[PDB]
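Below, in structure tokens: the form solved without the DNA, a single chain.
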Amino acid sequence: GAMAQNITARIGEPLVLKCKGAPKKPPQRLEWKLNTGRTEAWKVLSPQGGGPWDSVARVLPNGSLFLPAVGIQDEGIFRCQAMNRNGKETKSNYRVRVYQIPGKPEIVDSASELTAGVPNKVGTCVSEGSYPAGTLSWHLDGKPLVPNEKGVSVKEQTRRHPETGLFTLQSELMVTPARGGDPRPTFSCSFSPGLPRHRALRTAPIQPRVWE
């Protein structure tokens, strides 16, 4: 599309979008246009408001668009077009992407005993409540574990909450420890969000014992 300001809105939280170039108070010649999961192509919202959209998004006195609680279906394009007292036309363009942070990831069914030279199920990492899905990754003593390599194998699984649409991730790690290695390695798991500039969450490490 066109050049836009990217907005990352957290699910459940309010969102205010500024209509640039609008008078600070009524009277106002402005209109918002949005194309989201809630619309069939473009929907026009006006200061006068009215109808079902009043429960989703309303134009504020200063012309900004206000959404009291952002949802998954509010992802999309939000545009404002305004005329000021001097007659200049000003346009605002926002690309809104929504997200939710999962709870802290947890390692379940961890092994306490690993045999070197044979495949071993190390553990299962679980992360619940993310949007977008994001990914789970494993770490050995700080170094990321690369799947399908040095005897490392990972299986992954994704479920969706039937009501909220938030994602639960599950990742099982299997390793074949090399003969003559660290007898007490430290394994950990991290959740990486799908969105840029978002922090990664890490589990408490597990430290099984290995048989050389």
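If you superpose the two forms and keep the largest set of C-alpha atoms that fall within 1.5 Å, you have the rigid core. Numbering follows the first chain given and starts at 1. Shifts are known only where both forms have a C-alpha. First, how it differs from the form solved in complex with the DNA.
When the rigid core is held fixed, the Cα atom of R202 travels less than 2 angstroms between the two forms. For residues common to both forms, superposing the rigid core between the two forms reveals consecutive runs of 3 or more with all Cα shifts of 2 angstroms or more at 85-88, 196-198.
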The other form holds:
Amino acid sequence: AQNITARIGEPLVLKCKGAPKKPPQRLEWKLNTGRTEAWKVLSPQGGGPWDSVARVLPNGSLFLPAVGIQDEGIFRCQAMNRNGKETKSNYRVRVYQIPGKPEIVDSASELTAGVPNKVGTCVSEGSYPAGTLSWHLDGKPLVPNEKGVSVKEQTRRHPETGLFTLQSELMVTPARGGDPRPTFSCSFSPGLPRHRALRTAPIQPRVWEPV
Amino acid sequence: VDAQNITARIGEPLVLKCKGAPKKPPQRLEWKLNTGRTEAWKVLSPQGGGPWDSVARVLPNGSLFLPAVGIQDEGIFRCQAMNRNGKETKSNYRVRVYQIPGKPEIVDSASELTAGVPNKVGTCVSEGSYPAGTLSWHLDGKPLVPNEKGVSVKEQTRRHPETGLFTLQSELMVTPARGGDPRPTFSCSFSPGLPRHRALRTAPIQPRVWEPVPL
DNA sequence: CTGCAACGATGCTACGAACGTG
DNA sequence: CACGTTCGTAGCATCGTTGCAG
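Now that we've seen the form solved without the DNA, could you pull up the form solved in complex with the DNA?
Whole complex next, starting from this chain.
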């Protein structure tokens, strides 16, 4: 199966392989997507609510005016050149939606060495698939469980759209003697490596001194 | 024109981009196109709703969509969208199309022809070509130019009134120079307007050149 | 059995959109 | 607010493969 990808809201056109470009042709589009109760077979004329979702073109190609999470699925076209010539096209469909730029909330202006502080919560909105969130300090990324470094993360799918919202709250115990003017950022690393990662603006709180 | 050029094969779907438009509805944009089907200027909307919904329908993402092209679809296509706000963007498209005829055929081809005089060598025929395109003769693989040394071509173009397509015929006759190649090779080559594609050649003919009985 | 042709697949380049900077 | 740079996306071209005919 040939792997495929496109942006939600975008049109989609699947080429039927080995099939007459002009009608009438003998061919079958059978697919299973989030819009299907089972394998669904759409005909040359097609019919039903499916004409508003995915339709067969006079040239034998299947088409979707707007693709959505609901459409991730399997698409197979078994077609008849003339008779009995037969070739079968096979596609595997992943989709995606680029979320709004990441934001740190509840970020710290000041913080104190030797113990934990709330650095902030990096928050992404409107992503599919969900993807990952990471943090970095002055150019380099950070890992939990190492030298008092932890994370409280979560993911939530907006009911209407089906997209995702990821929260990541950063917390660290600053070494005493370190960088008093440190810069932190968060980055959204998408599930499908379609685009490069997106990074929040930095935060440069001031490390202060206990007694 | 500010119009960019687009060229498509007949029968295939085309999709035109609306520059700087909302990717999801609701969107404000309206297409304008004067072509074969449009009486003058047809304006199309994201809602569509006319008889054009089975022909030209604006997609949810703003682009213009044609299920399969046809000759009548040749013309200019423009869009006006508003990037909110109030940013506003344009598109100018010239769209032409084409069809490719079957491999040209030869007919009425001389069994053998004789020198020192004109001869009916035959006729090339190409059907289903668009735009019209042309038929060029080649002797041995080298061009044959009319008006020059007994070389003549009786030519026509017949447009199928229904398919709006072209049936082509080119009849070549030649006066061979006495004492020429006794087994010369003719071919015929159809060519279209742009490098929209390559050239199609007819299976050659290798007639026998017989000399005139002495007087 | 061999050659030629057509179709499909991949790679490349150019055009447009976005993002950041001054 | 504008200009300029970069990423992303889309189209054209190239090459290889498979099919078909001689």
